[PDB]
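Q: Each chain, written out:
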Amino acid sequence: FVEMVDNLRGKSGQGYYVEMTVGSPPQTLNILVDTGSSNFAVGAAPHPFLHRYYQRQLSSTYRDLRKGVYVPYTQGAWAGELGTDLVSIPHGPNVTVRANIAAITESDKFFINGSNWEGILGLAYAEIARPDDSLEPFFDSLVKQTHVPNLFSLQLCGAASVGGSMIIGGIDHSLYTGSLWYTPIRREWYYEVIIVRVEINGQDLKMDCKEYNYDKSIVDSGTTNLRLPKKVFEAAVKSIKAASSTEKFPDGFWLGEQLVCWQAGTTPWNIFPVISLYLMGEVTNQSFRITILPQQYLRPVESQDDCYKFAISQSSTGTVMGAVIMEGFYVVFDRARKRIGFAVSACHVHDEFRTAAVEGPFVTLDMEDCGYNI
Amino acid sequence: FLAXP
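So the protein sequences, as listed, match chains A and B. Quick note on our numbering: the first sequence kicks off at 1 and runs consecutively. Quick note on our numbering: the second sequence kicks off at 375 and runs consecutively.
Isolated chain B (complex conformation):
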């Protein structure tokens, strides 16, 4: 599971 930050 979030990618990016």
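So here's chain A without its partners, still in its complex pose:
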């Protein structure tokens, strides 16, 4: 794994990408790591925001599946041509696999100017692949064609340069401290988990736990924010407001439309509360909690000022534990054991007084009832 450490790069707020190669001879591309979808896709035609792109005609091993595909996301969408080719990860396992590849030929609000990635690696399950579950996702193909164990882990390191590690096939202990706590994957489609309690600076939000998972809760490396179901978002904002008493912020700030700025070096983190999500544990009536700091949910936007955007936002399609959550943690996607592990990240941003945390056990009854049905 030492050869996989620090294999992720990016621009703050623009996405974490791994270098991959496709075709013959190898065409090097930067690919966004996305646990929130299941399609492997690459820019395959010129676009204002692409420095490079997949040239199918230059790959001797490219196969045209002669079928189109369309993939819509919460933010953006693209359409393209299905096909297959040979795929390797330079700073990952030493192997070449054949995999499905969507060559993106049309897109809207998908590519991000200056982000330095040209494609996306959907790491979730076949069930949500487009056009349908018969289009084998990359990680399934990797596992089937090699001896790479059915597991990967992500360490996303926040901030304007960003970095981290995608450890393919294992867990690198130098990337975390303390204990790993596991939560079951409720269902193999997205990486769906179950949130059983929410606290803001130790104050219970006091909602029925089903609200926290309406209509699902997912772990998504390809989404910036912590996105909460509308009802939960409103309650969270009210509680966060109350907690941050010494300062009043405009409505626009809480909607992510206005930045808050302070003299460089004087950000009063102490004003804002920590936020804890309790997750269903692997043992009956047992939960654990992960706690994030405002250094996670107030994201720096790029003079002599530090400006931040509030990065907790509303969702119409359930909770999304995005980069805001993941940057505090080393996260183990244990597909073999149908579970997601969390530990305190060795690289998370914090201060001399508070730290991101993973702690348990806590007693929580009837946790299974916290799941929403359908």
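It is possible that some hints are incorrect.
To be verified - Quick partial rundown of chain A residues pointing at chain B, CB under 8 Å, derived from the structure: (1) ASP34; (2) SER37; (3) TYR73; (4) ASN94; (5) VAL97; (6) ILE120.
It is worth saying that the hints were derived from the structure and are not from the lab. Every residue gets a Cβ at the ideal spot worked out from N, C-alpha and C, and that includes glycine.
Based on the hints, put chain B in the right spot on chain A.
A: Relative to the frame of chain A, chain B by itself:
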């Protein structure tokens, strides 16, 4: 990143 399901 998927919308729909």
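Q: State for each hint whether it applies.
A: So, going through the hints one by one against the coordinates:
Taking 8 Å as the C-beta contact cut-off toward chain B, the hint placing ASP34 (chain A) at the interface holds, the least distance being around 3 Å. With a least beta-carbon distance of about 4 Å to chain B, the hint placing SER37 (chain A) at the interface is held under the 8 Å criterion. Interface restraint check: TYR73 (chain A) against chain B, minimum CB-CB distance 6 Å, threshold 8 Å, status holds. For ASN94 (chain A), the interface hint is violated, since its Cβ never comes within 8 Å of a Cβ in chain B; the closest pair sits about 27 Å apart.
Restraint check, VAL97 (chain A) versus chain B: the minimum CB separation of about 22 Å is more than 8 Å; hint violated. With its C-beta approaching chain B no nearer than about 7 Å, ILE120 (chain A) sits inside the 8 Å limit, and its interface hint holds.
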